[PDB]
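Here you go, one structure.
Every protein chain of the complex appears in place save one, which is left out.
Labels A and B are assigned to the chains in the order they are written; within every chain, residues are numbered from 1.
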Amino acid sequence: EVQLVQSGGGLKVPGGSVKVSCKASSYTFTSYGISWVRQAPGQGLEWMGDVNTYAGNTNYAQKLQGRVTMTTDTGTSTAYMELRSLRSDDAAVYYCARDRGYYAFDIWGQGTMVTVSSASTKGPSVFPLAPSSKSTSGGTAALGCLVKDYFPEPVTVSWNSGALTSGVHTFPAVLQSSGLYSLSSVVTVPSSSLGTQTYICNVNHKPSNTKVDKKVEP
Amino acid sequence: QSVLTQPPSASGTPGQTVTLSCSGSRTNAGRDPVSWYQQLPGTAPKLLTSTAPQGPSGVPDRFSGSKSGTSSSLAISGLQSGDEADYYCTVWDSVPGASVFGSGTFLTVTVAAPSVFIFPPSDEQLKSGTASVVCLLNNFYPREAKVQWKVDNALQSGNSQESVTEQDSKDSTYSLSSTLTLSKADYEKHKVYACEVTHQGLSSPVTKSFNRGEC
Partner (left out) sequence: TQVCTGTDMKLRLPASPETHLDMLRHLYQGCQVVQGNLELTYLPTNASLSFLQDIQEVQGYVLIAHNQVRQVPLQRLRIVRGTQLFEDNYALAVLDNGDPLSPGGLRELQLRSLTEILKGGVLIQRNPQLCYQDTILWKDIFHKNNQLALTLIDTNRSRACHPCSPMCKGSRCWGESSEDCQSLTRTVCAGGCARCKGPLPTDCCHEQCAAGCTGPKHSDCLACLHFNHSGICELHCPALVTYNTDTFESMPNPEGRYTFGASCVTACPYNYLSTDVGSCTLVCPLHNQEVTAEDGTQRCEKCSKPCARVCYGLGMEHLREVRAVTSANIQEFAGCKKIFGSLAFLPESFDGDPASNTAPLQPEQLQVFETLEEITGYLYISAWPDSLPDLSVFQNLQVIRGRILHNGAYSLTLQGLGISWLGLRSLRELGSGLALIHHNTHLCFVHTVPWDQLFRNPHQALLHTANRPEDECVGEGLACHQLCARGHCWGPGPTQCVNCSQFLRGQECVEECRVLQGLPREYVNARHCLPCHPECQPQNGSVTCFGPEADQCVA
């Protein structure tokens, strides 16, 4: 099985650099090119540049010129995404790919994790989202705990110390323009336990070791 | 050299014959630059057809693309259960050459009308400088929905961030999390905060709202 494997999957502060790796295997490395392509969250593809394996030549696209250097490594077989002067905009996923054939990109390294934001470590404050008369569609009521402004990823949420997993929907973290993330984590219950059952959310931000519990009530 | 995908979303039930589009912005080659991809959630995109009407090896025969003038058209015989993905095309003509804004399909297993709720921002975040009114949609299909704000009957723009769950393991429906973010100096101004939810499963844009102060 032919392969591309990628590394460097990390975090970065605006105005720094990273040089993603791409060890290509199981094929004559030199007789295909190698290309890179990027993918921010929610949006789609965007092409970086070229790199004739055989002889170096390149074609870094307009949006990135002078900010990009791409390099072969025939001896060891690897291609390198040397990216510069980055910022919040340049947070995405950086896949590497060849182009066998017959024309597009076929084989794909998993892509790598590249996010930019200038923040140290920071826990979130957990403010609940209380049910009443506006969240009852039928006999089902919804109650939650709004977890906002933390750094870095990840964060793990449990309801009522774990017992309540059904109905639980923990949306992925939406990175605020402010430089931090934010989430929401609800639970759909029959609207007959509001008071009978005790409703609390147990959050876990390991990088800050904060452990918040937030009772939810009308 | 460039393209546009319509729609950014088409839906599909089994056995059906499907179509996705792409509009080449110049008499491309020639013919045979174009190629379509499949994107599984959180994994690497892979090529499906290229030279328009030619599968590679490891991509099945219910796949087969095409072209006509300056437009390409992917085709699926009978859809199946794994085909939950976003689909991208490319006119690989000259350089630099462009991608597309992505036609993404989903598996319609009985459309579910969204469960539309509304939540005023808690009384502690409010005295903590900032505010957040979340408008939860629960268990719906497809992922295609329309979520907007009408802070006292005036449409909002830019002061909000959406979010959508990974397709449920057992029922094949999602859940959406709109979150308008404002300040303490602005929320005390308005009173009404509406969230009109138009969806290809509701007969008409269902609308909810709460009264600031009225608990």
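In the analysis below, a contact is a pair of C-beta atoms (placed from the backbone, for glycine too) under 8 Å apart; a residue touches a chain by one contact, two chains touch by 3 or more.
Within the complete assembly, A:103 is the residue of A:94, A:95 or A:103 that touches the hidden chain.
Contact with the chain that does not appear here is found for just one residue of A:21, A:39 or A:59, A:59. Between the chain not shown and the residues B:24, B:45, B:65 or B:97, the one that touches is B:97.
On the side of subunit A, the interface with the absent chain consists of residues 28, 30-33, 50, 52, 54, 57-59, 75, 99-103, using the contact rule stated above. Against the chain not displayed here, subunit B makes contact via residues 29-30, 32, 54, 92-95, 97.
In this section, only the chains that are shown with their structure count from here on.
Chain centres here are Cα means. That of subunit A falls 18 Å from that of subunit B. Residues of subunit A that touch subunit B in their complex: 44-47, 50, 59, 61-62, 95, 101-106, 108-111, 125, 127-130, 132, 134-135, 137, 140, 142, 144, 146, 148, 169-172, 174, 176, 182-184, 186, 188.
Residue ranges of subunit B in contact with subunit A, taken from their complex: 32-33, 35, 37, 43-47, 50-51, 54, 56, 86, 88, 90, 92, 95-102, 115-119, 121-122, 124-125, 128, 130, 132, 134, 136, 138, 161-165, 175, 177, 179, 181, 208-210, 215.
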